[PDB]
Amino acid sequence: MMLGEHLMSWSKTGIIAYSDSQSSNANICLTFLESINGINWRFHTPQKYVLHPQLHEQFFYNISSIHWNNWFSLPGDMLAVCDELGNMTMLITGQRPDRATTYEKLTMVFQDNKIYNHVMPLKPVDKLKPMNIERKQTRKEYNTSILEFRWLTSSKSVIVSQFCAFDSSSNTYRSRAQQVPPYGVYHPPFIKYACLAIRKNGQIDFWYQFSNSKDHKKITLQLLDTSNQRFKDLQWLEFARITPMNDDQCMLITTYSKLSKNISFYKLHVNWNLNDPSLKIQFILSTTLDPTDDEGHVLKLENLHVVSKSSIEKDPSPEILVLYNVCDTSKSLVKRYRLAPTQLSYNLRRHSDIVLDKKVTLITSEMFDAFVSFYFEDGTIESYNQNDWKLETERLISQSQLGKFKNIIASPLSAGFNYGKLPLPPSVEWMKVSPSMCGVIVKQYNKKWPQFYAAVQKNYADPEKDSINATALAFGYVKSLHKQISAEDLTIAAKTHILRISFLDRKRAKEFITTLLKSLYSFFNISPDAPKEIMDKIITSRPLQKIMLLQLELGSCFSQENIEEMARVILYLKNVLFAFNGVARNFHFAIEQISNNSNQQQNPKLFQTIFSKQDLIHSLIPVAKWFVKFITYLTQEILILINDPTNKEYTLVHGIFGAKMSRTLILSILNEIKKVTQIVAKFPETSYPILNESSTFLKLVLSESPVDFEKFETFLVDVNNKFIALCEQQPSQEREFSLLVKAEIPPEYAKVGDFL
Amino acid sequence: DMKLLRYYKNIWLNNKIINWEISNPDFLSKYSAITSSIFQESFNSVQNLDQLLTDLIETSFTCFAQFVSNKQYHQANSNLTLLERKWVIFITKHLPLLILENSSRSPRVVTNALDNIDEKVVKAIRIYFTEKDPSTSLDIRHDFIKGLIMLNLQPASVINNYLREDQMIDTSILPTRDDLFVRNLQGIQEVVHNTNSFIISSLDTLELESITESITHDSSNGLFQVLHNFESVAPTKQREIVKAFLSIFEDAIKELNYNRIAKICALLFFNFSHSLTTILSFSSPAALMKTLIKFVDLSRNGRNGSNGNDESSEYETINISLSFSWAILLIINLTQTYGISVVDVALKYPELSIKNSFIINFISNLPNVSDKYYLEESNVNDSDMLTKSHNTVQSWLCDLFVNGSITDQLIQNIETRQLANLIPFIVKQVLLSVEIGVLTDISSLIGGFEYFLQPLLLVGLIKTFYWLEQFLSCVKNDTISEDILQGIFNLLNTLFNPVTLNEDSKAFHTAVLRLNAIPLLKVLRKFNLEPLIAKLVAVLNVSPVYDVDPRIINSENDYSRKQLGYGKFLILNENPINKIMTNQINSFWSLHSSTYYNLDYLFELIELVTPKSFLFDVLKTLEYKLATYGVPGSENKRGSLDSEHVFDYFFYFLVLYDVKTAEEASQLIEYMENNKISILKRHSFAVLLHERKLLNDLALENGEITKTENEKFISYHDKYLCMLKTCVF
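Line order of the protein sequences matches chains p and e. Residues 1 to 57, 100 to 155, 158 to 317, 326 to 397, 425 to 835 in the entry's author numbering are what the first sequence lists, from first letter to last. Residues 287 to 419, 433 to 826, 846 to 992, 1078 to 1132 in the entry's author numbering are what the second sequence lists, from first letter to last.
None of these hints come from the bench; they were simulated from the model. Keep in mind that a hint or two might mislead.
If we take Cβ atoms under 7 Å as the criterion, some of the chain e residues that face chain p in the derived model are [what the hints assert, rightly or not]:
#1 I653
#2 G883
#3 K886
#4 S1081
#5 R1085
#6 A1102
Every residue, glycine too, gets a C-beta built ideally from N, C-alpha and C.
Build out the structure end to end from the sequences listed, making use of the hints.
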């Protein structure tokens, strides 16, 4: 039997919403990955919910498919689930009718049965009282049973990367990123969202919402637009795969109706332009399937998966991969067809045939990766690339090394990281390869919790392969950030390999981290050895919230080590940065509001405005206590290190001062602190003396600090000048990495350490 | 026990009638052994011959009763009549012979058999006939007795016993002798003492023009009169006539007699008065297929020993071309309407080269034509033939569209197989060019398409009509101006309504238009238009068409306020797939509704839902009904033996849908106990059950499945084998 290709959906924000078929009080579950003790990981507690057609005011039905709106560049928060009865239930997470909420709390938009608006925040089943709802099983495949659900993207563009190659001239890996223009059908901004669903009887649906209204509208048609309803209700489509094509506002509805035993093709057209969009349909082509192979073995169509192909590839015609299995033979044939117009001097052109040695039980297409996954019977997975259908795990062995571009790598799977012995599909409810292909999710019958399997490498004792592996995992994150993926799956896989390295040689594992994170900067065209102008851009960059988090997890096992400590203090300084300069801009605008709003004193709006002015500065006081408490720790270590310079356990103090933007960042914090105090002194609170306590306390805490800020200000300023002249004395770029990440000084610069 | 016996026997007879196994001399043996096979315990009763024939009589009558009385619950247009005609043919033809050489000629036993029937069958038959329509309304019982009279089984005084008390039948008028009588040219009923000589003598003097234009029955040819009067042939004589064709046809293949091969195929294709259906009723279609596909495959060696240097060559080449071209049309008609597969026969007979079979891959790609022209398909890796492949295209286009004549050199140098694909290529190029606007001159083309109707080029029309609907379906949705549209009809009408036809091409042209007429009519009506439908309806009325709504053919003025259904199986929203299968669940579990015993409406339903979803949605849904309601027919919820027989109803039905012949069963037992076996049964349940049995056993070694779950699945599997081994198929 075919597996649950759409039973589970990994939302782009990490929420794992999957169908539930065992609990008698719930049909859907929500969970996510969390860290146990910084080293290990565990799934979050399942948040069970119950979905029935009568939430608007009682038996609930099973869930057919779950589709997170993670397609293209969509935010990925609006989850629309279609049940077995055909009702499309839309749930929005991260929002409440009155306020904003976290990502684990759900909310309804509208229910379909006729469509009506009813906003209501859902509640978990466990917290809710025992209700009179029983699991009624809709074991009937209705005319309205949705076969395939597809989302509609907006006019925004997505920028991703295609592949990277090893530049032997510079002995470094180089990657190029190509912008991907939108292709297929996209909804305009004035429409809040749109979606399309194909029902098993051929009836089509088009839900959409106007951005300026709350009422929802639905437009429905039927594929077979014949004059007789006798054939209208006959199109029982076995497979209905919708692949958008480069044609404007066109979707190729590749259907296989067993009534006529032909793979019929269709074309759907929509005119966006507030009038309702118009829907049109036009029949195109129909072909019959091949009965036999070349040698005389008959074939059976197991699956019909057509790839969503953009205009980037050489031939944009979608690949209709009609799978065939030779009976009583381990072989499995995948014939490939392409749809092309008929040219004068449409039609399906056959390119070639590909033979696989094991039977296939599931096919899943990766998103923004162009990878077809063949989940064979024995559990092994062979992901064939869309470009050449060359096996990714064995591409390096068979790659033609000679050429301008060598060692073409697209994913960590190219290095050789193969999954272990996965559980057999008969015991498995559903599988899904993780977005980065680093691991596979397996749900088990007797396991109440989801499992997880990571990739392993057999030749971990060979030291010469560390250069390639670090670069391969470096590019894995490059694609993830461009697609706004959490990439929590990739983080787990990297740590396991590092842990096995550290068990034999602890010294070797440390260098693996340094080389791995270095390639990230080269891939993203960001240089820590650049002039100071780019350095300001680095601090505000989102990646440091994640690339620094990498060593926060990859260095957790190393007790009493400063690799994670160096990243955390810089990361927390960013939080410290958001505290003062986050409100320094806000406080500056409050100065102008005082003068222009001084003509109405008795109004009931100024009194709340006046109260809020002096309340905001009060909340900064607890932050300032940790701000002073932080600078004392580094000054305390100065006295300790002088007596015993040979103590390696206190090498964190070197990296903190060595960081180039941190010295400027603290100076900027000290600059705005002076500006704020000068402004407060220039513009004090006079109407209410009682409110001056917060303003006065701000002056007192600075003066009463055990160490004067002015003396400490000159401390970091002098370090910057001395560390710049040393660069001119001898050119070196590794010292920039050493002062920022390694938190150490190379032995070749041992004289520099004595100066501190 | 009796209910189990009757259900098993009715399904067994239905399956065996569908499977064309009546001609098997093991029918009586299997029918007698049914009673012993059903009951596991020994049942050693000496059943006398009269008992067997009586049991057969009431079984057949009750089966026909259920078959005709279950039809009102079907959709009014879900029309499938092959099995209805099959029941009629069996009951009127074989059962009289079964009595003739199986009975002891006892008039009493027939009276007891036909007096023990319930009046419900008679009431239902009369009600259905009255609703369809005093006018003479004869039942199937009258035809049964009439056949027995001709065989000297019963005296003429027996028919009056069962006649209505007010109406008798004159004894003298009823025929009593089994001798063949034919109306000669002078009106005297001549006695055909010898059958084989009559066929060959008429066949030699037969005219191919007399096929469709001879609407009147007063034709000088005796054999042609028989086809239009096929419903009144004697019981025992028609077996000789069917066997006469087989021996003659096989001898014509051995001697390579091209004249009589082409003529024979023309008679069988058109199926006047259900002539072709009776043929498949006797001779097994497998043996008919084997010889027929041998000719179309072994004809390659026959063209390397003939030299075109005689004035009889053009006579021979036309005779060769028509003999080969007609033999293709016989296969397509059998595959499409009669539900036979060309792939299956190759697997069963090892002497057929599957990889080198041109017929096998031709049928499966019949409605689709390649955009590129290749002289040979197995050697696409070579470029030498592709150089002259384009030469052939331009050589034929210039000679036929500009020169206006077909040179004899072109015909001699090319084979029939290349012609079968060359003609669709050229017509597609010309028709596409006309539609776009590349070709603007019609009159030269109208004459140009006339050259496609010559006897030499007749085989090229087979693929021309199939492509038309795919061409027309795009045309129907696309916006085409009437000036172009009227041109399309003008070019099309040349093939549809020729000005003149040769004496060997007139019957062929009608025959090809008859294969793929039905989908063409549906597309055309969606829009010089009328003549095409008028021609299409004319060729559709020459003989009856199976599984077609009669209202569609004659919808010129009838408006019944009900939309027409062109397909065999039709579904509405008022009666969706849910309601019928929910009624199937009521029948799969409680044997309710009335759609059972109708393998016409059920076999197609299974395919429309696939065996996987069909079995998945019923096996696990049974538990919900069983856990709440309980086993029907028992007032006590004690024991599992009562539920055991209910499970036997479901598993016995699935066995017949998988096993189709006698020796096949002996080979499926070896498939379970563990290549060629599962090839023929790709979609069988047995393959699905066995493939999961081995797969989950692998997980048992690896221990990802609980032992209880594995034990449950094998319980279904062993039950399937247990009934398979204890019952003879």
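Hints, one by one, checked against the model:
{"no.": "1", "hint": "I653", "result": "4 Å, holds"}
{"no.": "2", "hint": "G883", "result": "4 Å, holds"}
{"no.": "3", "hint": "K886", "result": "9 Å, violated"}
{"no.": "4", "hint": "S1081", "result": "5 Å, holds"}
{"no.": "5", "hint": "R1085", "result": "5 Å, holds"}
{"no.": "6", "hint": "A1102", "result": "4 Å, holds"}
This entry does not satisfy hint 3, going by the numbered hints stated previously; all others are met.
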